[PDB]
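Based on the sequences and whatever the hints tell you, model everything.
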Amino acid sequence: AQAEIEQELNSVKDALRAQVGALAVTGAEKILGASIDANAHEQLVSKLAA
Amino acid sequence: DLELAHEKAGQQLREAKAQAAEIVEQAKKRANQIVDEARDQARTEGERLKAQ
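As you go down the protein sequences, you meet chains Y and X in turn.
So in PDB author numbering, spot 8 of the first sequence is number 112, and the numbers just go up one at a time.
So in PDB author numbering, spot 23 of the second sequence is number 75, and the numbers just go up one at a time.
Just to be clear, a hint being listed does not mean it is correct.
Said to hold, decoys possible - Heads up, incomplete: computed chain Y residues facing chain X, CB under 10 Å, no partners named:
| no. | residue |
| --- | --- |
| 1 | 105 |
| 2 | 108 |
| 3 | 109 |
Said to hold, decoys possible - Pulled from the structure, derived: some chain Y residues nowhere near chain X, Cβ distances all over 10 Å:
| no. | residue |
| --- | --- |
| 4 | 119 |
| 5 | 137 |
| 6 | 152 |
Simulated from the structure, these hints should not be mistaken for laboratory data.
Ideal placement from N, C-alpha and C gives every residue a C-beta, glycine not left out.
Here it is in structure tokens:
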């Protein structure tokens with residue numbers, strides 16, 4: 105019974121880490137604010153990496 | 053009287069063997085219920101703890 109109680113808690117903790125927190129993939133909105141200056145830095149980074 | 057004494061001696065041992073079998077089977081029934089009592093009590097407390 106005590107092992108089943110720990111399994112319930114870790115399923116809630118993981119479901120919270122997956123539903124909420126992982127909502128931070130909305131960092132695309134922050135990144136949406138990028139422009140041609142930043143693009144040039146990413147092209148240089150890509151070129152240095154083949 | 054000797055034939056009757058042998059029949060009484062034979063009855064006594066067969067009656068003791070029948071009594072012994074009843075004693076063992078009654079103890080087996082009590083043993084079986086002792087484990088069921090403990091299982092139902094343990095399951096009940098497990099459900100109480102997880103619901104809380």
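Hints, one by one, checked against the model:
1. This hint holds: residue 105 of chain Y has a C-beta 3 Å from the nearest C-beta of chain X, less than the 10 Å allowed.
2. With a cut of 10 Å, the hint placing residue 108 of chain Y at the interface with chain X holds, because the nearest CB-to-CB distance is about 6 Å.
3. Because the closest C-beta pair between residue 109 of chain Y and chain X is about 6 Å apart, less than 10 Å, the hint holds.
4. Interface exclusion of residue 119 of chain Y from chain X stands, the closest Cβ pair being 17 Å apart, more than 10 Å.
5. The beta carbon of residue 137 of chain Y sits about 48 Å from the closest Cβ of chain X, which is more than 10 Å, so the claim that it is off the interface holds.
6. Non-interface status of residue 152 of chain Y relative to chain X is upheld: no Cβ of that chain comes within 10 Å, the nearest being about 56 Å off.
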